[PDB]
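Following the hints, put chain A with the ligands in place on chain B, whose structure we already have.
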Amino acid sequence: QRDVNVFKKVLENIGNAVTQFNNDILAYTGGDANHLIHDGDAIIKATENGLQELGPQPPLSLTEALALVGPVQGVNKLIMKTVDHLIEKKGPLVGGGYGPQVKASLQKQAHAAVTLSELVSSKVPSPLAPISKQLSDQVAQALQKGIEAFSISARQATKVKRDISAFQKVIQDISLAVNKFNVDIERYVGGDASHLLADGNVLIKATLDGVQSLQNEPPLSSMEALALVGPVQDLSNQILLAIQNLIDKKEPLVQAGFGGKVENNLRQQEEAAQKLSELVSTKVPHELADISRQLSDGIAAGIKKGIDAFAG
Amino acid sequence: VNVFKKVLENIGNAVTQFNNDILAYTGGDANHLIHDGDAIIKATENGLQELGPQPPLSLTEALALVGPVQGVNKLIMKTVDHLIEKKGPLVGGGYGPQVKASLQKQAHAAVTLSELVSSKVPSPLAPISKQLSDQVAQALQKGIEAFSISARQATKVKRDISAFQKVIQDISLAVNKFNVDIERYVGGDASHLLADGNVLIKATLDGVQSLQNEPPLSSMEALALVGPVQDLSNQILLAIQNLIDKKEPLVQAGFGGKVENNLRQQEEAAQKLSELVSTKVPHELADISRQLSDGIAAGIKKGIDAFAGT
Ligand code: NI
Ligand code: NI
Numbered sequence: 030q031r032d033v034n035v036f037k038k039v040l041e042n043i044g045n046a047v048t049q050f051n052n053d054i055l056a057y058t059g060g061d062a063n064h065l066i067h068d069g070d071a072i073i074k075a076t077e078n079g080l081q082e083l084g085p086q087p088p089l090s091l092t093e094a095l096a097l098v099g100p101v102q103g104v105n106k107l108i109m110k111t112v113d114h115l116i117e118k119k120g121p122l123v124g125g126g127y128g129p130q131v132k133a134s135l136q137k138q139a140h141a142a143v144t145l146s147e148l149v150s151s152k153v154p155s156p157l158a159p160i161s162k163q164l165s166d167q168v169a170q171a172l173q174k175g176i177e178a179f180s181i182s183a184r185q186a187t188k189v190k191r192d193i194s195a196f197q198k199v200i201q202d203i204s205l206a207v208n209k210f211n212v213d214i215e216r217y218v219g220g221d222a223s224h225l226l227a228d229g230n231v232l233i234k235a236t237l238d239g240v241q242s243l244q245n246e247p248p249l250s251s252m253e254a255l256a257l258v259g260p261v262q263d264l265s266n267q268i269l270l271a272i273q274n275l276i277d278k279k280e281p282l283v284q285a286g287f288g289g290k291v292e293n294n295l296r297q298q299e300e301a302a303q304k305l306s307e308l309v310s311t312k313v314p315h316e317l318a319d320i321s322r323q324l325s326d327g328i329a330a331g332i333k334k335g336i337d338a339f340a341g
Numbered sequence: 033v034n035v036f037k038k039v040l041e042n043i044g045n046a047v048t049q050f051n052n053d054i055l056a057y058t059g060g061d062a063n064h065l066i067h068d069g070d071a072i073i074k075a076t077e078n079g080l081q082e083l084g085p086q087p088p089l090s091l092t093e094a095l096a097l098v099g100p101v102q103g104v105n106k107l108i109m110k111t112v113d114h115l116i117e118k119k120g121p122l123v124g125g126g127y128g129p130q131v132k133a134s135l136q137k138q139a140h141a142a143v144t145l146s147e148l149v150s151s152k153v154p155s156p157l158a159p160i161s162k163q164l165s166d167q168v169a170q171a172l173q174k175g176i177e178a179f180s181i182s183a184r185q186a187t188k189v190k191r192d193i194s195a196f197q198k199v200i201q202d203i204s205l206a207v208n209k210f211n212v213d214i215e216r217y218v219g220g221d222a223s224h225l226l227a228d229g230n231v232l233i234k235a236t237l238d239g240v241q242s243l244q245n246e247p248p249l250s251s252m253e254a255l256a257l258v259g260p261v262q263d264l265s266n267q268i269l270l271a272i273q274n275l276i277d278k279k280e281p282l283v284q285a286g287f288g289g290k291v292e293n294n295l296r297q298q299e300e301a302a303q304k305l306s307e308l309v310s311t312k313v314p315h316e317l318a319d320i321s322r323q324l325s326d327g328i329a330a331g332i333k334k335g336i337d338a339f340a341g342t
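Chains as they are written, first to last, in UniProt numbering: chain B, 30 to 341; chain A, 33 to 342.
Chain B with its partners taken away, still in its complex shape:
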């Protein structure tokens, strides 16, 4: 009947929102993270809009509830996935400056979601309540796991690691192989073509070697995988994040009384950055100057804030 097909609709909408959020998260390599926040807000709003429309709905039938089991489960899993994705892209957002906002958003979501769950209990019949409660728990707990991880940073240390060194090496080799003959032919006009053939063979061999190499190597995590695809960006993000972390742990380093030591170090770092960024600005092209500035400036400015925080 139509009485059931409104809650269902709401659920679907929520799921869609969640999916959108997930997509956004996936997209976000770094930089401006307003969009993600906006998405989160939208999702929250959508969730809220459920409460307003589900409040006056009647008590469901025994057989009606079981049709509604699948939709909920589907939603919950999706939500969990989204949360996981968000967690995965913790660092860059943090670096950008967007950790408090995100934390807030998650909390808000939890608060809304919890409310929704509470509401839904009284609409379902009382013998399905065990399932429903469990489902709710699965959601809320999951949400918390994100929220908790984005808010205290207790055991949150991002494991420094890179067997990205060997993938990179392989890539380099491949490039060399290509450029090795990609000249040879380009040069070639006629006569014996033995050389070209040899080059091709060599390239093939190289490729084979590369394949062999990446046989036992593990998968690549998306934030970790952007190291090799997006090499400089990752570095930038990880610098920013580091800076943010440092800023965060000012209070209890001032408490331990290292503050002066810290400040000097920060200053030194800033100086180094200035030195490097100047040199860099010399080595860039027509086209890529603007972006180069954009990163460097961000870095320098990021440093500055930290310095301000920890000076004296």
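Keep in mind that the hints were calculated from the coordinates and are not lab data.
Be careful, since some hints might not be right.
[Claimed, not checked] Covered by chain B, according to a simulated footprint, are these stretches of chain A (three or more residues, beta-carbon under 8 Å): (1) 209 to 215; (2) 242 to 250; (3) 267 to 280.
Backbone N, C-alpha and C define an ideal beta-carbon position, used for all residues, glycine too.
Only chain A with the ligands this time, still in chain B's reference frame:
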């Protein structure tokens, strides 16, 4: 006088747009560039239609119209240069004949325009005008003949891009080293953190020192450190294209069978690799990985078809 000036301005704008487009183009779909070129050509043509009926300029009028023409020409030259610089990726994509055609068309139109303009200017300023025209046309040719058939501009293999890589990697290591310790630390002695910071600073300094005497980096040369995955792909495609092009005279020399087998082997290798790669990709990147890999495999296939039994 106004109308001609306006036309010139429009042309300049078009050229600028084209240049911008070229700059943007990392590779992939290159339709847009072609479209831009076409538009530019059209614009140029539209000059002829509006400048034909214009009267003969005065002695004093011509000299005001010297500085704008010059500005235009330089811009055009720059655009051409930029286009040339982004030769390889376009070629790889498959867009080399079209581009060549476009350039030729532009030259033809531009030439016509130049011819037209001679008769509107007075005859004692013709020495300058002709020179200006020549500057353009020659420049255009440099890319146009610049752009088809090959065997002259062979991008030299160059990989000082190593040192930069090393530097960046080092920096990353330094950062990720601190950014772990900091994360860990709750309080107490903070010496360690300070030490880490110092180390990082030192590393940075070293990096700076390193890239002191190293040269500039050319845009396409430079997109190898920022988009390594993509540069490799493009260079591969380009290479394949080149190979395809030089089938005729390798069939003429009669290596064709040898070539074909080699191609097949290469294809096989690609297939092998691309499968493995498909295992190591994540949530989000799979799609792109497919997109490149598929392109590569398909690219190979065409070449194979071309050179099989020939
Ligand atoms: Ni996942
Ligand atoms: Ni230039």
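Each hint tested on the structure:
1. 209 to 215: Result for this restraint: holds, n = 6.
2. 242 to 250: Result for this restraint: holds, n = 7.
3. 267 to 280: Check passed, 7 qualifying residues.
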